[PDB]
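J.: Using the hints provided, position chain B relative to the given structure of chain A.
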Amino acid sequence: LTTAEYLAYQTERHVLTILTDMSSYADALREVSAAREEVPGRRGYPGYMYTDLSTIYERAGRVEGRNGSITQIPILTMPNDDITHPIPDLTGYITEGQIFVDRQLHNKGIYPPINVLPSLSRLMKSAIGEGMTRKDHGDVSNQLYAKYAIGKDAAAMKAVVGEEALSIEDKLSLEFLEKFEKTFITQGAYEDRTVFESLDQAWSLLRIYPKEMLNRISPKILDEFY
Amino acid sequence: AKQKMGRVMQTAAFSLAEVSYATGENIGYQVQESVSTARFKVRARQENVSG
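Here the protein sequences line up with chains A and B, keeping their order. Read in order, the letters of the first sequence are residues 474 to 699 in this note's numbering. Read in order, the letters of the second sequence are residues 2 to 52 in this note's numbering.
Derived by calculation from the structure, the hints in this document are not laboratory data. Where is the CB? At the ideal position from N, CA and C, for every residue including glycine. Incorrect hints may have been included.
What the hints assert, rightly or not - Label pairs and their calculated CB-CB ranges:
{"id": "1", "chain 1": "B", "residue 1": "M6", "chain 2": "A", "residue 2": "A638", "range": "47 to 57 Å"}
{"id": "2", "chain 1": "A", "residue 1": "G661", "chain 2": "B", "residue 2": "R44", "range": "54 to 64 Å"}
{"id": "3", "chain 1": "B", "residue 1": "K3", "chain 2": "A", "residue 2": "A628", "range": "50 to 60 Å"}
{"id": "4", "chain 1": "B", "residue 1": "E48", "chain 2": "A", "residue 2": "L489", "range": "54 to 64 Å"}
{"id": "5", "chain 1": "B", "residue 1": "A2", "chain 2": "A", "residue 2": "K644", "range": "23 to 33 Å"}
{"id": "6", "chain 1": "A", "residue 1": "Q577", "chain 2": "B", "residue 2": "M6", "range": "47 to 57 Å"}
{"id": "7", "chain 1": "B", "residue 1": "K42", "chain 2": "A", "residue 2": "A628", "range": "37 to 47 Å"}
Said to hold, decoys possible - Only part of the chain B face toward chain A is listed, based on derived beta-carbon distances under 8 Å:
{"id": "8", "residue": "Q47"}
{"id": "9", "residue": "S51"}
{"id": "10", "residue": "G52"}
Next up, chain B with everything else stripped away, as it sits in the complex:
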């Protein structure tokens, strides 16, 4: 999973760079401004693995 996450992070960084180049400016300021709430949330699940 660490190897896969590294590969996926590299791909996402390349995609973000391409998107920024297409837009002509950094969308970081806009993303920070539109940070009122999070669209993605994580809920913990207590799975019983072995004992």
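Extracted from the complex, chain A is given alone in its bound form:
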């Protein structure tokens, strides 16, 4: 973070610091804290782990006079896949979003195994704009999320009420779920999908739906892009 702060603020370049294994960092915090006579906290981690993580994270951010930014991807690890664990809880508290990597997706073999339904970017509205990225980014993202949730619900309900009894908007949603997990989310580790290319792929996914079915897309965006 000191290197990132230099570069970004005394060099005027955007950084995107990528920390990894903040769980390992918190284990190191535990080991250093118990080197002193400090009593362990909630699950062995010290009571000031919130302060330590807050410093480490809030060392990022945009500033006024300098034309440079610092962005953080802590790439945290859940010990027992528990969001209730102190490390994920505090990191959530300080941070501004979450990207979930899912064991179910990984076992199905999808890379990256990122689970969209729990993941969200809290400052999505800022990044998805008109001057930045493309003018359909926000509407396409919201529509994709809605249809992905509907696809998961229809997949759950298929083994309960049969495939035939599902509505047309549910059969189409199952087709979208398949084409979304296996083509959109499934991305080769060495293929670069620019934001515009990924938006075009998202529109190709959304085009299986009739134009009336895409409720969350604005009519102007539907006319322009569909």
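T.: Leaving out everything else, chain B in the frame of chain A:
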């Protein structure tokens, strides 16, 4: 289906009454005598409706 079955039963009763009047006697005894086997049979089919 209950309404349609009521209408069809009324029509069938009228047709049976007309047939009996044309024959001049009740064919009930003959039908009972010739009841060795049933020409119509019903076989259950386990259709899967919804769940």
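J.: Next step is simple, just say for each hint if it's right about the structure.
T.: Each hint tested on the structure:
Separated by about 28 Å at the C-beta atoms, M6/B and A638/A break the suggested range of 47 to 57 Å. Remark: the range hint 54 to 64 Å for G661/A to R44/B is upheld by a beta-carbon distance near 56 Å. The supplied range of 50 to 60 Å is broken by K3/B and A628/A, whose beta-carbon atoms lie about 39 Å from each other. For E48/B and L489/A, the Cβ-Cβ distance of about 59 Å falls inside the hinted range of 54 to 64 Å, so the restraint holds.
In this structure, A2/B and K644/A meet the distance hint of 23 to 33 Å, their C-beta atoms being roughly 30 Å apart. Judged by the Cβ atoms, the range 47 to 57 Å given for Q577/A and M6/B holds: they are separated by roughly 52 Å. Separated by about 42 Å at the C-beta atoms, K42/B and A628/A satisfy the suggested range of 37 to 47 Å. Annotation: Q47/B was flagged as interfacial toward chain A, and the flag is violated, the nearest CB pair being 14 Å apart, outside 8 Å.
Interface restraint check for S51/B: the shortest CB-CB distance to chain A comes to about 5 Å, inside 8 Å, so the restraint holds. Evaluation of the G52/B hint against chain A yields a held restraint, the C-beta minimum of about 5 Å falling below 8 Å.
Of the numbered hints given earlier, the model fails hints 1, 3 and 8; all others are met.
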